[PDB]
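The lines below spell out each chain.
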Amino acid sequence: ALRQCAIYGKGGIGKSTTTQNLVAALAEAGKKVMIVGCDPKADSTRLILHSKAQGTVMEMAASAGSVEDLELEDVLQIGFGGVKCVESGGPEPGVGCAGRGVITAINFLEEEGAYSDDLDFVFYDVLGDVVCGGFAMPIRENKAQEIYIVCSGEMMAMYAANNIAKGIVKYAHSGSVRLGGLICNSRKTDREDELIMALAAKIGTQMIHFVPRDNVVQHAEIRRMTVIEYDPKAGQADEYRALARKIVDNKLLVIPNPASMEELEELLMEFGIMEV
Amino acid sequence: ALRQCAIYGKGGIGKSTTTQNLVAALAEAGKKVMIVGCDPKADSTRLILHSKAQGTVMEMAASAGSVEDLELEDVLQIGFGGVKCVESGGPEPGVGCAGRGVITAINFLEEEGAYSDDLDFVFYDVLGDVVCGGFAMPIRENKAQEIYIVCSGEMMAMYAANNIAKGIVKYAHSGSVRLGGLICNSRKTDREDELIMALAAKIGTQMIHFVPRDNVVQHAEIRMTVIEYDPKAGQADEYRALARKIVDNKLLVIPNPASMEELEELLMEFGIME
Ligand SMILES: Nc1ncnc2c1ncn2[C@@H]1O[C@H](COP(=O)(O)OP(=O)(O)O)[C@@H](O)[C@H]1O
Ligand SMILES: Nc1ncnc2c1ncn2[C@@H]1O[C@H](COP(=O)(O)OP(=O)(O)O)[C@@H](O)[C@H]1O
Ligand code: SF4
Ligand SMILES: [Mg+2]
Ligand SMILES: [Mg+2]
Numbered sequence: 002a003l004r005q006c007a008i009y010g011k012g013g014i015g016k017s018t019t020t021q022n023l024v025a026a027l028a029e030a031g032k033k034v035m036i037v038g039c040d041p042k043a044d045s046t047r048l049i050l051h052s053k054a055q056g057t058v059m060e061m062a063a064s065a066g067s068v069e070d071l072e073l074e075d076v077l078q079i080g081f082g083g084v085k086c087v088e089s090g091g092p093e094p095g096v097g098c099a100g101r102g103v104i105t106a107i108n109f110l111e112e113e114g115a116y117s118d119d120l121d122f123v124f125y126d127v128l129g130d131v132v133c134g135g136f137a138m139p140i141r142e143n144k145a146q147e148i149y150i151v152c153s154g155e156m157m158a159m160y161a162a163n164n165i166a167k168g169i170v171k172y173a174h175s176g177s178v179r180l181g182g183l184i185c186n187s188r189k190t191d192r193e194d195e196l197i198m199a200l201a202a203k204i205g206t207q208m209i210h211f212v213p214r215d216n217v218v219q220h221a222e223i224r225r226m227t228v229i230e231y232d233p234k235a236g237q238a239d240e241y242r243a244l245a246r247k248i249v250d251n252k253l254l255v256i257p258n259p260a261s262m263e264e265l266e267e268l269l270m271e272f273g274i275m276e277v
Numbered sequence: 002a003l004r005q006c007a008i009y010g011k012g013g014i015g016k017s018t019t020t021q022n023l024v025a026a027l028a029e030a031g032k033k034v035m036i037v038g039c040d041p042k043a044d045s046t047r048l049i050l051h052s053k054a055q056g057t058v059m060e061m062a063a064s065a066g067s068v069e070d071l072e073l074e075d076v077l078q079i080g081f082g083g084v085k086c087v088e089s090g091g092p093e094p095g096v097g098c099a100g101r102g103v104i105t106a107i108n109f110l111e112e113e114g115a116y117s118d119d120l121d122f123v124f125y126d127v128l129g130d131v132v133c134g135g136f137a138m139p140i141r142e143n144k145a146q147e148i149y150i151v152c153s154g155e156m157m158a159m160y161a162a163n164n165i166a167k168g169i170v171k172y173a174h175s176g177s178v179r180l181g182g183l184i185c186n187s188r189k190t191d192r193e194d195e196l197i198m199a200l201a202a203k204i205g206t207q208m209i210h211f212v213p214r215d216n217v218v219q220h221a222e223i225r226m227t228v229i230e231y232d233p234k235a236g237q238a239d240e241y242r243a244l245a246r247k248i249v250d251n252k253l254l255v256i257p258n259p260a261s262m263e264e265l266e267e268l269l270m271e272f273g274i275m276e
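Residue numbers (the UniProt record's numbering), protein chains in the order written: chain R, 2 to 277; chain P, 2 to 223, 225 to 276.
Worth double-checking, as some hints may not be accurate.
[Said to hold, decoys possible] Reference listing, derived: stretches of chain P covered by chain R, where coverage requires no fewer than 3 residues with Cβ under 8 Å from a Cβ of chain R: (1) 7-17; (2) 85-98; (3) 125-139; (4) 168-182.
Derived by calculation from the structure, the hints in this document are not laboratory data. Each residue gets a CB set at the ideal place from its N, CA and C atoms; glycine is no exception.
Produce the complete structure using the sequences and hints provided.
The following block contains the structure:
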């Protein structure tokens, strides 16, 4: 019954906002969820916890002088709707591999039995600008069976989405990691929904949901909360509830067929975003 | 006499568009300069060479089966104003280290003595979303002495800029790597220039130049630089102004990175409601 998911996409695309909000809607519906932050920015749990930034696995390990000396209560926190929160963290910029905290955190959580019997979902919020090291680990090491990619009608967001799809293809034989769909997080661009639906069709997936751009998100976040908590009656709260419901009901889990750079350019040219 | 510089920033911020134009202005002023593309997107030399994509060091090494069997001739290309072009490349997504092409490329260029006697400048165009592996090598291994950052008024662009600064601090005692300044690449946001000038002041650097958002860039790219397409355009003078400012630069500091709270404080002060 436990379903392990990962939310990938380029930086600033809306992974943390989307994940925390959809998870808050899952908790609201009685689902037991854990969010594991896998982005060195380390603010993937702040809307669930109402914190400035949660102490990461790496910070606690460095403070303690060992990962082995740590216990679950050093790294795991319960927030809104009983959602469990862990933040991997990463080394300081310029030092080691930026994704090494992801490997450390996931192995620690497994060893400590953080993946309890009552848990219905686990969501990894993963940096997607590069798909290597610890960032590729949820895919490569079969940790997240359902991948959802947050993207937009921008080339860099589509390129990043297509690269994550390549990673899934590479490890398709190794486990049961599959692409569940694309989540279009609106940038208020004309034909954006059509472009992402076409990109989804081209690579053998679906655009599971279109998330509109809404200022209520900024209003909730400035108060360190999800829209679900800040204004449960807001239109945007229903958008996150619909996304959460569609992920729960999703049965389309595929080995994608990534597009070439020429094909990505062809799509953007067709939907007006690019010149010939 | 050779000065080695590096241009950092988040993906899609404009790194490749800025670099190929400031270097073009250096070449037209008689400077001998080489661009080493350190981004897996591998379209960092695309415009100066007037190509769709230059054959990367990784592709050529993979094609040859070894770096030892690789030649300088089929990795280095001369484009506009005699500018030398090298594209590092990277492995396939999900595989190895995304920055591996950078280590391979820089070590190959050194061994082949691509850093010739006549060369005045070397500009590394580095991916800045992560500061590790090959992307941190020009800083960590003292390859580029002058660092510069293309950013915008967006949180993720400023956050990226601040981490590059942290990387410079970490290796300040290991070599002579320093921060030269910030380059604001306009997203047509009100008070965006003030925000980047403030971020620069906060971390002990300068906003060396403000690059406006211009459609002439798209007109040139549809596959050459602005200085090649329309040297008389207003935008061509913008990059010329930047080039003058990097040679005339001596403000190369050990930065004082801001906290996340300080980055938020800056955005809250200048940033405007959508
Ligand atoms: N649907 C949305 N409507 C409005 N603002 C949004 C929406 N989704 C994300 N944002 C905003 O976009 C910015 C970046 O989002 P974030 O979730 O932190 O991205 P990521 O985790 O992918 O780096 C934040 O300022 C956030 O408030
Ligand atoms: N000053 C500018 N004016 C207009 N378009 C620009 C400007 N700078 C960059 N661009 C555009 O922004 C996009 C991304 O820029 P690029 O240099 O490829 O980014 P990066 O190398 O940082 O990923 C391209 O479509 C490019 O044409
Ligand atoms: S594998 Fe990825 S995250 Fe790790 S050092 Fe290389 S580029 Fe950085
Ligand atoms: Mg995030
Ligand atoms: Mg580039």
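The hints, checked one at a time:
no.: 1; hint: 7-17; verdict: holds (count 3)
no.: 2; hint: 85-98; verdict: holds (count 7)
no.: 3; hint: 125-139; verdict: holds (count 7)
no.: 4; hint: 168-182; verdict: holds (count 4)
Checked against the numbered hints given earlier, this structure breaks none of them.
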